[PDB]
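Q: Here's the letter readout for the chains.
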Amino acid sequence: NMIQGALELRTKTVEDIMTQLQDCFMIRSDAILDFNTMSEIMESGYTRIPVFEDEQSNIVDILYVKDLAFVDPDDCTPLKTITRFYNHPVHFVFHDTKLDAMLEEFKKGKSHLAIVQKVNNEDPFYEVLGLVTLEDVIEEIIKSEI
Amino acid sequence: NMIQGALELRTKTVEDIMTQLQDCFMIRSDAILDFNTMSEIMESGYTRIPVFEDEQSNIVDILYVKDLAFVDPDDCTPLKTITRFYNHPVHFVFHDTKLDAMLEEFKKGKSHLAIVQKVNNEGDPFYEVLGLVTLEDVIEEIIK
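Chains C and B supply the protein sequences, listed in that same order.
If you use the deposited numbering, the first sequence corresponds to residues 360 to 481, 485 to 508, in order.
If you use the deposited numbering, the second sequence corresponds to residues 360 to 482, 485 to 505, in order.
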């Protein structure tokens, strides 16, 4: 039993865990932080929000919502200021990657949020299927062993 | 790797993971939101701050720092107004609770900060507040 849960964990990929891109809450890099955008970001509940340029599949920066604390919606400062400030390293991963290697990347200090990419032959280009995070990994651990 | 994470997940008690109370960053519930207060909350780096009344051991509320988005410090807004307005839940947990079980409690939708309680027989017995443990604390203790 412990064996089956263990290797069933070890056999999953990020594709099988990751929240799908269409169910993720993202934000356009051009966006300005006004009461509507701000309120939306809060109401979303996500602590880390992807910031993408143009097409949804190209993710430039990452927004930590605690950083919106002092932003006043009356100043209407664009999120572009914030993301162009940070330039957090974006974390990319192959869709076939096993969870143990993922846990290695997280142990080495990489961003706890990671973006799932697959080579699309349909020249081949890299498409973004969605997002997986360390919390999803550990969730799979404690779920699958029981 | 996965095995190491699961095993360390089921051995460690939240007491081992926890941040002691004396070293916590808390805020009194009567505090007001002027520049020193907001600047302190910002430089603390905590995303969820415990809110207490009288002694530090009595933790009445929780402040999600992101709420503070809609406050301005020139208003001198009482933290009591915010705490009464959102009414966020406080989470208590037994000092013997294993880490994975704690992940189950947080996963149920409870606040991602949890207060660790011990039973104290040493002088009528009472429940004792040792500190707090956060979901982030748990995950960090898995990757180390």
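Check each hint, because a few of them may be wrong.
[Claimed, not checked] In silico DSS-like links for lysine-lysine, alpha-carbon gap of 30 Å or less: (1) B:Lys457 x C:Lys469; (2) C:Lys457 x B:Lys425; (3) B:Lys425 x C:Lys425; (4) C:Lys425 x B:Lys505; (5) B:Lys477 x C:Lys469; (6) B:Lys466 x C:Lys469; (7) B:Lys469 x C:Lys469; (8) C:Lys371 x B:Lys371; (9) B:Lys466 x C:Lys425; (10) C:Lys467 x B:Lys371; (11) B:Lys425 x C:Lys371; (12) C:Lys505 x B:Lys439; (13) B:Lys505 x B:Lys477; (14) C:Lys469 x B:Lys425; (15) B:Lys477 x C:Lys457; (16) B:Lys439 x C:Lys466; (17) C:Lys457 x B:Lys467; (18) B:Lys477 x C:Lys371; (19) C:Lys469 x B:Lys467; (20) B:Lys439 x C:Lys469; (21) C:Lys371 x B:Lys505; (22) C:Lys505 x B:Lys505; (23) B:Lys425 x C:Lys466; (24) B:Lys425 x C:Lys439; (25) C:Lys505 x B:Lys371; (26) B:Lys469 x C:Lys505; (27) C:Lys467 x B:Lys477; (28) C:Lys505 x B:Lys457.
Honestly, the hints are just simulated from the structure, not real lab data.
Q: Run every hint past the structure and note whether it holds.
A: Outcome of the hint check:
A distance of roughly 26 Å separates the Cα atoms of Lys457 (chain B) and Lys469 (chain C); the hinted pair therefore holds under the 30 Å criterion. About 34 Å separates the Cα atoms of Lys457 (chain C) and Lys425 (chain B), which puts this hinted pair outside 30 Å; it is violated. Of the supplied pair hints, the one linking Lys425 (chain B) and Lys425 (chain C) holds, its CA atoms being roughly 5 Å apart against a limit of 30 Å. Distance check on the hinted pair: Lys425 (chain C) and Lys505 (chain B) sit about 25 Å apart at the alpha-carbon level, within 30 Å; holds.
At most 30 Å may separate the alpha-carbon atoms for a hinted pair to count; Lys477 (chain B) and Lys469 (chain C) exceed this at roughly 35 Å. A threshold of 30 Å between alpha carbons decides the hint, and for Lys466 (chain B) with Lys469 (chain C) the separation of about 23 Å falls inside it, so the pair holds. Simply put, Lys469 (chain B) and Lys469 (chain C) have alpha-carbon atoms about 27 Å apart, close enough for the 30 Å limit, and the pair holds. Proximity of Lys371 (chain C) to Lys371 (chain B) is assessed by CA-CA distance (about 26 Å); at most 30 Å being required, the pair is judged to hold.
Proximity of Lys466 (chain B) to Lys425 (chain C) is assessed by CA-CA distance (about 21 Å); at most 30 Å being required, the pair is judged to hold. At roughly 21 Å between alpha-carbon atoms, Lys467 (chain C) and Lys371 (chain B) fall within 30 Å of each other, so this suggested pair holds. Restraint check: the Cα-Cα separation between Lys425 (chain B) and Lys371 (chain C) comes to about 34 Å, which exceeds 30 Å; the hinted pair is violated. Proposed proximity of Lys505 (chain C) and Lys439 (chain B) is contradicted: the alpha carbons are some 39 Å apart, above 30 Å.
For the hint pairing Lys505 (chain B) with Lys477 (chain B), the CA-to-CA distance comes to about 26 Å; that is within 30 Å, so the pair holds. At roughly 24 Å between alpha-carbon atoms, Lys469 (chain C) and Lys425 (chain B) fall within 30 Å of each other, so this suggested pair holds. With a C-alpha separation of about 39 Å, the suggested pairing of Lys477 (chain B) with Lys457 (chain C) is violated against the 30 Å cut-off. A hinted pair counts as satisfied when its Cα atoms are at most 30 Å apart, and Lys439 (chain B) with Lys466 (chain C) does not qualify at roughly 40 Å.
With a C-alpha separation of about 27 Å, the suggested pairing of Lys457 (chain C) with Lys467 (chain B) holds against the 30 Å cut-off. Of the pairs offered as hints, the one joining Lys477 (chain B) and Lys371 (chain C) is violated, with about 39 Å between alpha carbons and a cut-off of 30 Å exceeded. For the proposed pair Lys469 (chain C) and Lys467 (chain B), the alpha carbon gap of about 27 Å is at most 30 Å, so the pair holds. Restraint check for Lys439 (chain B) and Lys469 (chain C): not satisfied, since their Cα atoms lie roughly 38 Å apart, outside the 30 Å limit.
Our distance criterion of 30 Å between C-alpha atoms is met by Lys371 (chain C) and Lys505 (chain B), whose separation comes to about 23 Å. Restraint check for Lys505 (chain C) and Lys505 (chain B): the C-alpha separation of about 21 Å stays at or below 30 Å, so the hint holds. For the hint linking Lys425 (chain B) to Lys466 (chain C), the alpha-carbon distance of about 27 Å falls within 30 Å, and the restraint holds. At roughly 19 Å between alpha-carbon atoms, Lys425 (chain B) and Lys439 (chain C) fall within 30 Å of each other, so this suggested pair holds.
Distance restraint check for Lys505 (chain C) and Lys371 (chain B): the Cα-Cα separation of roughly 18 Å lies within the 30 Å cut-off, and the hinted pair is therefore satisfied. Among the hinted pairs, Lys469 (chain B) with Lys505 (chain C) is consistent with the structure: their alpha-carbon atoms are about 18 Å apart, no more than 30 Å. For the given pair, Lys467 (chain C) sits about 35 Å from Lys477 (chain B) by alpha-carbon distance, which is inconsistent with the 30 Å threshold. The hinted pair formed by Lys505 (chain C) and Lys457 (chain B) meets the criterion: a straight-line CA distance of about 15 Å does not exceed 30 Å.
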